[PDB]
Amino acid sequence: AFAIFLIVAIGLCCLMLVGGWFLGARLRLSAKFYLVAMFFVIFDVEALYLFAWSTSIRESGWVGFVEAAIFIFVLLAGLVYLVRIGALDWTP
Amino acid sequence: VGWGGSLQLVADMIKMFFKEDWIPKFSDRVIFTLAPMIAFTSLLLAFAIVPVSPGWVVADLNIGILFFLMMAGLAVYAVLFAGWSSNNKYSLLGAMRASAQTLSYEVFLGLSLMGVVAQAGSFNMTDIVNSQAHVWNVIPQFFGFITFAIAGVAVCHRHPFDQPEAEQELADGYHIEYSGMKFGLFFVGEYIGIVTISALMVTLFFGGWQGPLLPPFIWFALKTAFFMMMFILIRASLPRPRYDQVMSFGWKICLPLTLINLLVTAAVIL
Amino acid sequence: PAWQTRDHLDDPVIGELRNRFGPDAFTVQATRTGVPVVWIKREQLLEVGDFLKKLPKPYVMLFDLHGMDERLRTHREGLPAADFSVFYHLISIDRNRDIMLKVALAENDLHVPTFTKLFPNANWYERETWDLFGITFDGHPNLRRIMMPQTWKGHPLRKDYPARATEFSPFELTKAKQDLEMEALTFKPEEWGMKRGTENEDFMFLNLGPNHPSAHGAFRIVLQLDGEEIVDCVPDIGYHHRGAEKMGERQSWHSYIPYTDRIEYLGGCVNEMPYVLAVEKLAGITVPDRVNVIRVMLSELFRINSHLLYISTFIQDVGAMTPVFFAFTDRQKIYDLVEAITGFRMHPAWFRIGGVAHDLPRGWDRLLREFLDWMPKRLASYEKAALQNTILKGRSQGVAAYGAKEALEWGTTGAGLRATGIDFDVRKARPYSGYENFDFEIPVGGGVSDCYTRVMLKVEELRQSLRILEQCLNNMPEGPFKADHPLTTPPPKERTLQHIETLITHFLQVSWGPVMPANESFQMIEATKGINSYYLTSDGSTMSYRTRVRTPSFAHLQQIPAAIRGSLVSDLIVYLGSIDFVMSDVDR
Amino acid sequence: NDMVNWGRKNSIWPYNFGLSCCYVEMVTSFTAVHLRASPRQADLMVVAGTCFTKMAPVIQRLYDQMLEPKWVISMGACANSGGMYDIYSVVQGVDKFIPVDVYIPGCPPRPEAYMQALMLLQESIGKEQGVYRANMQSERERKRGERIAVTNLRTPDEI
Ligand code: SF4
Numbered sequence: 015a016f017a018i019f020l021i022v023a024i025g026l027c028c029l030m031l032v033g034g035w036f037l038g060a061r062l063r064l065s066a067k068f069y070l071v072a073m074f075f076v077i078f079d080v081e082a083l084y085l086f087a088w089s090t091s092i093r094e095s096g097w098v099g100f101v102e103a104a105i106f107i108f109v110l111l112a113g114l115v116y117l118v119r120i121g122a123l124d125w126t127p
Numbered sequence: 052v053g054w055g056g057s058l059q060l061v062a063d064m065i066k067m068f069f070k071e072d073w074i075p076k077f078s079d080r081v082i083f084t085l086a087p088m089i090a091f092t093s094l095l096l097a098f099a100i101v102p103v104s105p106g107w108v109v110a111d112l113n114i115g116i117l118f119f120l121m122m123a124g125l126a127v128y129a130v131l132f133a134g135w136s137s138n139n140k141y142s143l144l145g146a147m148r149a150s151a152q153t154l155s156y157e158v159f160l161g162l163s164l165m166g167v168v169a170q171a172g173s174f175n176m177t178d179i180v181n182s183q184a185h186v187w188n189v190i191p192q193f194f195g196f197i198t199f200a201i202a203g204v205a206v207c208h209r210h211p212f213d214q215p216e217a218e219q220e221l222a223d224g225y226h227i228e229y230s231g232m233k234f235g236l237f238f239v240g241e242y243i244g245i246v247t248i249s250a251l252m253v254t255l256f257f258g259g260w261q262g263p264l265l266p267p268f269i270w271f272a273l274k275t276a277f278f279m280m281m282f283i284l285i286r287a288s289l290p291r292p293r294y295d296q297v298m299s300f301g302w303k304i305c306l307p308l309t310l311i312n313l314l315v316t317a318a319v320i321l
Numbered sequence: 009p010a011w012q013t014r015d016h017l018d019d020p021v022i023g024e025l026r027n028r029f030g031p032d033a034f035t036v037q038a039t040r041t042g043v044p045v046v047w048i049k050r051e052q053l054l055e056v057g058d059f060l061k062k063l064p065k066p067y068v069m070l071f072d073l074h075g076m077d078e079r080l081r082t083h084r085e086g087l088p089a090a091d092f093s094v095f096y097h098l099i100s101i102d103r104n105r106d107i108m109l110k111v112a113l114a115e116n117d118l119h120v121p122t123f124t125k126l127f128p129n130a131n132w133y134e135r136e137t138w139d140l141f142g143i144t145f146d147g148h149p150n151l152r153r154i155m156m157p158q159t160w161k162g163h164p165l166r167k168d169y170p171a172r173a174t175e176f177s178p179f180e181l182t183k184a185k186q187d188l189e190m191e192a193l194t195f196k197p198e199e200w201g202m203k204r205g206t207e208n209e210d211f212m213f214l215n216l217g218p219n220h221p222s223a224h225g226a227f228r229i230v231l232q233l234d235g236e237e238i239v240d241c242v243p244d245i246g247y248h249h250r251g252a253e254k255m256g257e258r259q260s261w262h263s264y265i266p267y268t269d270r271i272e273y274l275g276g277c278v279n280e281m282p283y284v285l286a287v288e289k290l291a292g293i294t295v296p297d298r299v300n301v302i303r304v305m306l307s308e309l310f311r312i313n314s315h316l317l318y319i320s321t322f323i324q325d326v327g328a329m330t331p332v333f334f335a336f337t338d339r340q341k342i343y344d345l346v347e348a349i350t351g352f353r354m355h356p357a358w359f360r361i362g363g364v365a366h367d368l369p370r371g372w373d374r375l376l377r378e379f380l381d382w383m384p385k386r387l388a389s390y391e392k393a394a395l396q397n398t399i400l401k402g403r404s405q406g407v408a409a410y411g412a413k414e415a416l417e418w419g420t421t422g423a424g425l426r427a428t429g430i431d432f433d434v435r436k437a438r439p440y441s442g443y444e445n446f447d448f449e450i451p452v453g454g455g456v457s458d459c460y461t462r463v464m465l466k467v468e469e470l471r472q473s474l475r476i477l478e479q480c481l482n483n484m485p486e487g488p489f490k491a492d493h494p495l496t497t498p499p500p501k502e503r504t505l506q507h508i509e510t511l512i513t514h515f516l517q518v519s520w521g522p523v524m525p526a527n528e529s530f531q532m533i534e535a536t537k538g539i540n541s542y543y544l545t546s547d548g549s550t551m552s553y554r555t556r557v558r559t560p561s562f563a564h565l566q567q568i569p570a571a572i573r574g575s576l577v578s579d580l581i582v583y584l585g586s587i588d589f590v591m592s593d594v595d596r
Numbered sequence: 043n044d045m046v047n048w049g050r051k052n053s054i055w056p057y058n059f060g061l062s063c064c065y066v067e068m069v070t071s072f073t074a075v076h086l087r088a089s090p091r092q093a094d095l096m097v098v099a100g101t102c103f104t105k106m107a108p109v110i111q112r113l114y115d116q117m118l119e120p121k122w123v124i125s126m127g128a129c130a131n132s133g134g135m136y137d138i139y140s141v142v143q144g145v146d147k148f149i150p151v152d153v154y155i156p157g158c159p160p161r162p163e164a165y166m167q168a169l170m171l172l173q174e175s176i177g178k179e190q191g192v193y194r195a196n197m198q199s200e201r202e203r204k205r206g207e208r209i210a211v212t213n214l215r216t217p218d219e220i
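Residue numbers (full-length UniProt numbering), protein chains in the order written: chain L, 15 to 38, 60 to 127; chain D, 52 to 321; chain R, 9 to 596; chain V, 43 to 76, 86 to 179, 190 to 220.
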């Protein structure tokens, strides 16, 4: 089953690590601009609704496609907003 | 001379064993040890969802896709605890930019996979592998297939080519402060990653277990081998893309492509 | 003849200086340098230089500044009484003329006012004069050791200093422990130049020593950073010092020839040409025409190889390297021709005083004809691939540009100086090695010097070199490969094997060395990078008394801090790739 | 079993320390045999070029950085000894301060010489710096009867 395979994998990890042991302040302008990753943190939450959506669409039908188009159109409007304001651009 | 291509990886794994380990001074110890297995065990247990056989299935669980996405998200922590455990602003910023492009390019795989799981309509992999009985789910979704390809090769598979070097000065690749077995752990991890992406591609996009005139498990194995060779051919053909161009062709180009892909499949399925 | 010892007193510059200063102070030497050498006491140096700088046709470029020991010269007829000397070679481009100024110094008062104020490129030269000799230049901004480490006691170009490592203690690691302690305690005292900015959060000190590929050797360029801006860049050079100048003093005229090949690894016979030409100028040898055409063939082949490497590396670093790696295969074919003629792929060591080592083998014409017919189609494929590209072309416009005055003050020659509007090659202004019997053009960049203009000029020069090489294939004359003169070293070998007097000449020439009479020669050529020259002084013995090698790469690496001030680190790396500098040439 | 020996013979990781000159032939070799080589990961360091007195501590730190199994190849006359530069500013060989295993004479050596260096180093790595009582045999002595039996060579007036 899955539990046996998980036990095998963790046993292999223990075997390799045990065998290996026996064998023997100020950044200024640097970094910053992770806001692409903040865009991912928000966009994964947006796409989790599509993750739940993808299971049941045949019984959803026409209003489902309509309001899914509205949803992704709102996301596209936000994306072009971020592009045109200069948030989504070249980043260090 | 060695006649097999795989024997080189075998010799590499043997070589990484029995190498003296030095302690790093002014470094954290728990993450220095834990960062390799976040990259290794994740794609090792990503192998637990392949339908290699109906009778020898490794795990007959109802959902495998969400586990794959959970490993995709987990993978970033390996590059991040490696960056912090480097304890050198050069390597830390190198792993920060590598994790940047990683989180940037990991977005696409879930939304690209929504198309195939929507035309399949189930999460149990037996239903998907039985769905591709006469018509494979690759003819309509060309864009989804190439988007999933780009996403799968973009998760620390060296196609971005910013892992062992850095286009930007004042920083350095984060594979320098690891020199023991952990470097072999990275290589074996990306190896199981590429073979698992190929296996998932064949069993989720193309038709696994068909058996036109020969037993279907070797049919799956040979198709996986052909896609392995094609992946290596295009990985080698793929030149190094600088950081900028990768940022340009990220969120701009493939988020709309997968959104109109979901629109097209939802419009044609009913 | 073109080798006889002349005074050049009739030259107009000598009469203008005689009118302005009247009599006295000036002693006009007799030499075979081709230029007027004048001695001018150190108290009048700055006045003379200032007058020459503003003269109605000025000497805009200080070609060279260095020192001579002069203590052991027994033949000193006409020179003033000197224990040390410092020579300054200046060039007027609008006159296409040169002037050499020599200031004599005594052993107790080795002091002269610094010349950097007029010409900034002299600064490192004066620093070098402080390092290799013991002359102190009062008024120098940062007078520290630029070649040897900072704890090295002794001035290696003095004749009281033993030259060879054998006379010192071997690497016993007595100093390795102290250098280890020094490297572990890596701190900045702010003595590396002006370093006006303080060491705090406002300014960050970064060694920025590129050990990656295309760096053309490992070196450090200490950089002061503020807002990711280049506040001040100070190169730390001298890691690759090979002591070529000191080595020239302990080798015969014949056995030094191998050392010339390693001033530039890509030059080969180009590096040998000025040395043999200077030695034959000391000997008073006029060579036959076949020697000239053979030398032109080998020099244009090596120049083509170096230019192809520069083009390939330029397209690889800032562009797509997939197609241009085929040029590596083409370079391999050029090598099979060099080792077909000379014998060995790199460092041929094939030129000799008075000629070459052997005759051409009988199958040279078919191979050269095959290379000349095959090459033009590939060259035009690269011309379209490089002139018409847009991405790097758009990137490589206006990137750290400079003008004619800026190039002139920094001694920069070669594609840098030709990228501006000054039409000045030495192969046309001062023909050498029989270039005056050939028809070729000098491409020019117009008025803006940048990286695109430099590479386009290098492609145009490669096309002119291919025209020269076909003219060499179609007009190669007949006759000897060695001059007929008792100082031609060695004699023809078949004559040596049969004739007693030729055997005796060969015996004493290869054993004790040829005796060159005491005089001074000087030759400059267009090298693969810039203008490379050789100033040789003989004291009448079988070894050189002083060998000075002027390499342009020293000036090209000195030039980076004036132009890159106000740019990013990426622009710095792109400029370092663009500039034609090799560490072996900078450190000789 | 000697499986570890097979592991070490089959695979080695090269650290390229070629200097200003002498590295163009090494590149010629590397672009035919092979961005994989990385600092603090390799066990083989091919010292080439003129080892200068000023930068020798850099070579000593890079020697210290590598792992327990350390191999060193000296290439060129400038690295085996001082070479032609017997001068105050050049140390007379890299073997003065670090142990060396294989010496490859030449100035510069050939890419095939680099290939033969890998062959002699896998041959040395396959007999367990250990002589194993097999390295007293020398290339001066091994191919001696091969080289002495050569009588005629092509005349140098031909291509
Ligand atoms: S061996 Fe020859 S090519 Fe190599 S560094 Fe020494 S002189 Fe240069």
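Hints are supplied without guarantee of correctness; some may be wrong.
[What the hints assert, rightly or not] Below, a list of computed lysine-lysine pairs in the DSS-like style, where the Cα atoms sit at most 30 angstroms apart:
1) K76(D) to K161(R)
2) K121(V) to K76(D)
3) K66(D) to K51(V)
4) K147(V) to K70(D)
5) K76(D) to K67(L)
6) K121(V) to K140(D)
7) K147(V) to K161(R)
8) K76(D) to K196(R)
9) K185(R) to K105(V)
10) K178(V) to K66(D)
If you're looking for bench data, these hints aren't it; they were derived computationally from the structure.
Results for each hint:
The suggested pairing of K76(D) with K161(R) is violated, with an alpha-carbon distance near 37 angstroms, which exceeds 30 angstroms. As the CA atoms of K121(V) and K76(D) are separated by approximately 22 angstroms, the hinted pair is consistent with the 30 angstroms bound. Simply put, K66(D) and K51(V) have alpha-carbon atoms about 9 angstroms apart, close enough for the 30 angstroms limit, and the pair holds. Restraint check: the Cα-Cα separation between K147(V) and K70(D) comes to about 27 angstroms, which is no more than 30 angstroms; the hinted pair holds.
Between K76(D) and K67(L) the CA atoms are separated by roughly 27 angstroms; this keeps the pair inside 30 angstroms, and the hint holds. Taking the CA atoms of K121(V) and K140(D), the gap is about 29 angstroms. The hint holds against a cut of 30 angstroms. The hinted pair formed by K147(V) and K161(R) meets the criterion: a straight-line CA distance of about 23 angstroms does not exceed 30 angstroms. Taking the CA atoms of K76(D) and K196(R), the gap is near 24 angstroms; set against the 30 angstroms cutoff, the hint holds.
Only pairs whose Cα atoms come within 30 angstroms are accepted, and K185(R) paired with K105(V) is accepted, the gap being roughly 13 angstroms. Only pairs whose Cα atoms come within 30 angstroms are accepted, and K178(V) paired with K66(D) is accepted, the gap being roughly 17 angstroms.
Figure legend: structure checked against the earlier numbered hints; the only hint not met is number 1.
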